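With the sequences and hints as input, model every part of the structure.
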Amino acid sequence: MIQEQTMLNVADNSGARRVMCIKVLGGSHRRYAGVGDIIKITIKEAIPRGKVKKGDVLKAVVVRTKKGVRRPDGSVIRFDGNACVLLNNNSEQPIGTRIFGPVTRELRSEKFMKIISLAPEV
Amino acid sequence: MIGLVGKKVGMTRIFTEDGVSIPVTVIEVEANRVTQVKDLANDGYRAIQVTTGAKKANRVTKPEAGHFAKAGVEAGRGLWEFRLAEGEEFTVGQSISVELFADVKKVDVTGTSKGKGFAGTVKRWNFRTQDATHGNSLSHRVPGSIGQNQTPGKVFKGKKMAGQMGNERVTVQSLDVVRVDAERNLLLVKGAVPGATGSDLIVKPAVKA
Amino acid sequence: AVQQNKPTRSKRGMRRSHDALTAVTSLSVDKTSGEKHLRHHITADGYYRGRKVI
Amino acid sequence: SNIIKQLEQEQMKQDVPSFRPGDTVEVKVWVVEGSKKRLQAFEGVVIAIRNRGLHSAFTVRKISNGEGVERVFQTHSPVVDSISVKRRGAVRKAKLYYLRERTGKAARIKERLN
Amino acid sequence: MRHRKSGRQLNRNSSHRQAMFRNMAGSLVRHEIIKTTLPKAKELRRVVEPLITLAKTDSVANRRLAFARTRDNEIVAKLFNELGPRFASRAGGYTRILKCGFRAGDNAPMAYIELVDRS
RNA sequence: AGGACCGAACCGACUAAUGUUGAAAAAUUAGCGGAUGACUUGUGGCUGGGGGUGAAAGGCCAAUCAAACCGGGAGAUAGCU
RNA sequence: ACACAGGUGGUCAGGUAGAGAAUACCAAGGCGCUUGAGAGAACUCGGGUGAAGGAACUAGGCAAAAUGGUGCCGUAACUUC
RNA sequence: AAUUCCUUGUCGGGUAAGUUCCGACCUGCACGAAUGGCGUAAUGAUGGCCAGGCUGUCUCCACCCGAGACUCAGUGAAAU
RNA sequence: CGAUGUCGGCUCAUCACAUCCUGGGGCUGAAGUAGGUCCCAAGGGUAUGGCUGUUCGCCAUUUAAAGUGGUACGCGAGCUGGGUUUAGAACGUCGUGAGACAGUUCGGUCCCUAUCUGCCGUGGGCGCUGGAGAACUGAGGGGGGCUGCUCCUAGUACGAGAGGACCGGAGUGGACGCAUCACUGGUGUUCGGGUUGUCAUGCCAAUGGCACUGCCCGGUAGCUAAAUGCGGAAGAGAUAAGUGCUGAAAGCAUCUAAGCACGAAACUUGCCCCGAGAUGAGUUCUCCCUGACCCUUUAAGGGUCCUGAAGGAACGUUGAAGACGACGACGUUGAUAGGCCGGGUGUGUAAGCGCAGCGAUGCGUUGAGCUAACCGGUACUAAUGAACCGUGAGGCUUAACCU
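Protein chains in written order, with the entry's author numbering: chain X, 1 to 122; chain Q, 1 to 209; chain n, 2 to 55; chain c, 2 to 115; chain a, 1 to 119.
Any given hint could turn out to be false.
Computed list of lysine to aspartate or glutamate pairs in DMTMM-like fashion (alpha-carbon distance at most 20 Å, straight line) [said to hold, decoys possible]:
hint	chain 1	residue 1	chain 2	residue 2
1	n	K53	a	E32
2	a	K99	a	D117
3	c	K6	Q	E28
4	c	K6	Q	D181
5	c	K38	Q	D18
6	c	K29	X	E121
7	Q	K55	Q	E81
8	n	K53	a	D117
9	c	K63	X	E121
10	c	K6	Q	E30
11	Q	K7	c	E9
12	c	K38	Q	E17
13	Q	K208	Q	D108
14	Q	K190	c	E9
15	c	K37	X	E106
16	X	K67	c	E102
17	c	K29	Q	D18
18	Q	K8	c	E9
I should point out that these hints are in silico values taken from the structure, not numbers from a laboratory.
What follows is the structure, encoded as structure tokens:
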């Protein structure tokens with residue numbers, strides 16, 4: 001439920017702290033980003049000596065959102081904040097080496113086997 | 001294959017054992033006693049006519065009761081017609097129950113949509129609202145321009161402006177079935193059907209292959 | 002918002018075709034007093050369907 | 002509409018435990034991956050209960066890794082397996098949405114002991 | 001769009017609607033007769049009739065609740081002492097509608113209101 | 001003490017909406033600035049038309065101002081309609 | 001020009017909360033505004049709320065939203081101190 | 001630069017992206033010393049830019065409360 | 001020139017094809033993948049931001065694609081007024097000066113109640129040849145026609161390798177539309193609760209009013225999307241460019257001159273909706289009327305009494321139908337609306353009483369009290385008995401049968 005001009009938390013140790021979603025790739029006139037889909041982000045605040053700095057353009061995926069994700073039985077899993085996980089722009093692999101905070105279950109796919117294994121819970 | 005006539009009980013949910021919460025519409029389909037069978041000799045086409053429900057014996061008119069007395073069929077709440085395909089045949093006065101749909105997969109549902117009266121261009125054709133501020137005066141949800149200048153100098157037919165919502169027939173296609181139960185005279189479909197609770201509906205097998 | 006040519010007495014007449022009212026054409030009678038009153042309304046002196054109510 | 006009420010009564014699960022808002026409720030939920038299914042715990046405080054026949058649901062707030070995770074639970078779904086109250090809290094409301102802004106010692110639910 | 005919506009607004013404020021139905025319902029027990037307009041009479045039925053069946057049982061809690069509405073003590077004692085035992089058998093239908101034509105000032109369709117016990 | 005500060009009466013008019021054959025020939029509504037001073041206001045007087053007055057816009061001078069209003073020359077003149 | 005949402009100088013000024021002639025509810029006192037009754041369409045005007053994002057709208061944060069009181073702690077560049 | 005036509009001069013900052021802004025260079029079409037020059041604390045219903053909070057401004061509207069519009073009765077215009 | 005309002009933006013579009021994508025094909029200096037070019041094709045779709053008033057343009061990032069144009073460089077009796085280009089003021093420059101310079105710079109009132117055509121809906125009257133209630137046929141008209149990515153074929157064909165298919169099949173998305181409230185939610189000033197100030201009910205208590213619903217917290221039904229299902233399909237016919245078979249004219253050859261077969265989101269259908277005013281007014285089924293008498297300048301003539309059918313209209317209760325009409329349900333051979341009973345929901349353990357505590361308060365009754373539009377019922381009230389419109393067998397001519 002993430003769109004353009006959206007501030008986003010970060011769940012890895014790539015170096016970002018607050019990032020800005022500037023695109024929702026994957027479709028013409030696409031409005032929103034769900035969970036586990038490609039978005040292009042820019043970094044607004046970072047730790048001094050992380051793997052990335054301020055003002056870089058690179059892709060990310062959404063792992064938490066306040067809108068939630070609908071289960072097939074009708075349940076919904078929502079969080080207090082919207083958080084993302086950094087990826088390299090060309091290889092689509094995660095920049096960081098750890099995941100902070102739980103992620104959901106619908107990221108389970110061949111592209112994201114690294115993240116859920118690195119996830120601490122769920 | 002010919003279709004049936006049902007009444008919308010409402011909506012509920014069905015919990016499959018795997019865990020899918022399928023939203024389901026309950027359609028009460030009382031057995032359709034056939035009131036008229038038509039052929040090519042006098043009508044030039046093949047169709048049958050059914051009735052269902054129960055009407056008051058005082059309120060059914062003399063020509064309406066005369067049609068029911070001829071068929072040997074007790075009075076219902078309405079009359080509907082279905083064309084038959086090649087190979088089908090039916091007799092006047094025979095009943096048709098829910099169990100015709102015991103082997104079909106996809107059905108089409110036809111009904112009259114919920115009437116909403118006079119509704120604006122924002123609702124009738126999803127017209128995007130103009131600026132609510134920045135100097136705008138008396139024109140927020142208006143349709144704006146409706147045509148071009150002196151050439152053509154007129155508004156074309158079929159141009160989208162405001163009008164009447166609802167209260168017209170609308171068919172929803174290719175709905176899956178869930179249950180068939182003539183013991184409860186019921187029928188279960190995944191999804192949503194037009195009309196309100198207690199409205200009239202037509203349920204036919206899907207022509208969409 | 003302003004008319005361009007003067008309409009006739011005819012065109013005003015066609016517009017006034019639907020303007021006529023209709024009479025009651027049937028006013029009911031109370032069973033006791035026998036006077037004529039509007040249907041489902043009380044009569045002049047306080048009767049309705051044959052009982053005094055006022 | 003007695004046809005509807007009889008229809009949902011069949012898939013109505015027979016036994017559910019009684020709980021009210023404020024209760025620290027432990028939920029066991031089936032999860033299926035691959036070819037196996039497992040039972041997954043979920044602890045937390047219930048904050049909103051919607052009682053409506055077959056569509057009844059209740060929402061549990063869980064703190065996790067420093068941040069808050071919220072579920073809703075379709076009570077009569079086959080996905081949820083076991084519900085067990087682990088603490089009887091005392092609240093003055095049927096809805097506890099003010100716990101979205103209270104954390105730590107502020108998010109402290111007094112037990113009910115009734 | 002009034003789909004399954006009940007309760008008239010009567011071209012007035014919501015508090016004014018409550019205040020009118022608070023005052024004029026007190027007039028129905030006071031004089032047992034009102035000539036008033038037809039739509040106001042139909043929903044006097046919706047407010048007065050729950051009050052009398054509330055007054056069918058007498059208790060200190062019910063008197064205070066019957067004082068929160070109609071805000072008059074003389075109405076409350078009249079409601080409980082007389083129409084309490086008087087209407088202990090009625091299963092609804094505590095009043096009736098008697099149409100009486102129209103006004104002369106504005107042509108407004110009026111109708112009498114009438115508690116059916118009055119003889 | 002202060003051509004001080006915040007803010008009512010009071011003086012004014014910066015923004016927006018409505019109005020714009022209006023409730024009103026400039027207003028209402030929500031905000032807004034000054035508010036012991038070069039302040040504001042009641043009563044009376046003084047300054048008059050190529051003249052007055054003007055913390056100066058060519059503004060104001062009886063809903064009229066790059067020369068007021070009323071009457072007169074005057075039936076000005078009009079190669080124009 | 002109207003039985004007009006405007007303009008018009010002075011005097012009196014109570015209770016509670018409030019610093020107050022602010023403001024809210026009231027006392028004495030005066031009014032309910034010279035068309036009403038329904039229906040509960042679009043659309044317009046005046047407001048209330050809102051998922052998620054939070055200026056991406058637009059010429060422009062226009063409008064709207066937000067801050068608001070008292071006491072105490074503490075408060076930078078610059079400076080005519 | 002209230003002045004610069006070529007011009008969105010060139011470089012740096014801010015931005016993911018800046019014809020606006022800020023700092024600098026001087027090739028000043030056509031600055032310049034009381035028709036004042038350069039700074040200048042404070043002040044401004046002043047002009048331009050950026051940031052935090054804030055939100056229906058917007059993605060994209062949705063519902064509700066009131067006044068009209070709509071129906072009935074009474075009176076009853078206008079431009080053209 | 002007794003007025004045709006300008007650029008730009010917003011809303012709304014409509015058409016052309018010299019086609020941006022998707023579709024089909026020829027040639028290639030076309031290995032494949034990806035392209036170049038050209039032909040056929042208008043069905044459908046055809047970006048978001050930063051800067052500037054901008055159109056345009058550059059930049060960042062998407063997309064299959066971000067097409068070119070006409071429509072008063074579409075669209076101000078639809079919106080804005082940022083620019084140009086009023087009156088104020090200033091800079092540079094020209095002029096002695098008043099002033100001026102599509103040079104710059106700051107500020108700067110955009111009216112209209114729609115008569116006709118047009119369009120969107122919604123009705124009244126009449127007609128369709130006795131009247132009426134239904135159900136349809138279908139002439140005709142409208143809507144819909146978008147598409148990526150992943151997987152299997154296959155890591156095959158092709159290729160030294162890098163790389164990497166067509167054909168076909170499977171799944172899942174982006175946008176658009178329809179429908180719905182089962183789910184998550186929003187609203188929910190008619191439900192419950194908290195609380196401030198004040199006034200009032202004599203007073204404590206408990207309540208009520210006002211302060212934007214006083215300020216808030218939740219929340220029934222309805223509506224609603226952000227929520228949930230569905231769709232755009234398969235197939236058929238004739239085809240465009242193109243691909244051919246047989247075969248002369250013209251002993252060969254040739255898709256063409258005779259004949260025959262393929263060939264695309266276009267066309268005609270298939271899908272959905274409207275549709276007998278289709279004055280060409282249709283088809284089928286059912287229902288109702290079978291009495292007399294006069295008058296005339298005797299006609300498809302006029303009139304009197306009696307009859308008043310089927311059906312319709314009106315009134316009332318009304319509706320998830322609705323601006324009003326219209327549409328649907330019901331009228332005591334009744335659940336149409338309201339009330340009531342039970343339930344459900346929502347809010348949260350009322351008031352009163354008792355105990356503890358100097359007290360604010362807490363506890364027991366007590367998950368109590370109250371509950372709107374919801375569910376199941378329930379004649380308690382209002383839907384009255386009657387009147388009103390509607391007629392007396394339905395023209396002429398011809399043909400076939402029954403006689």
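Mind listing which of the numbered hints don't hold for this structure, in increasing order? none
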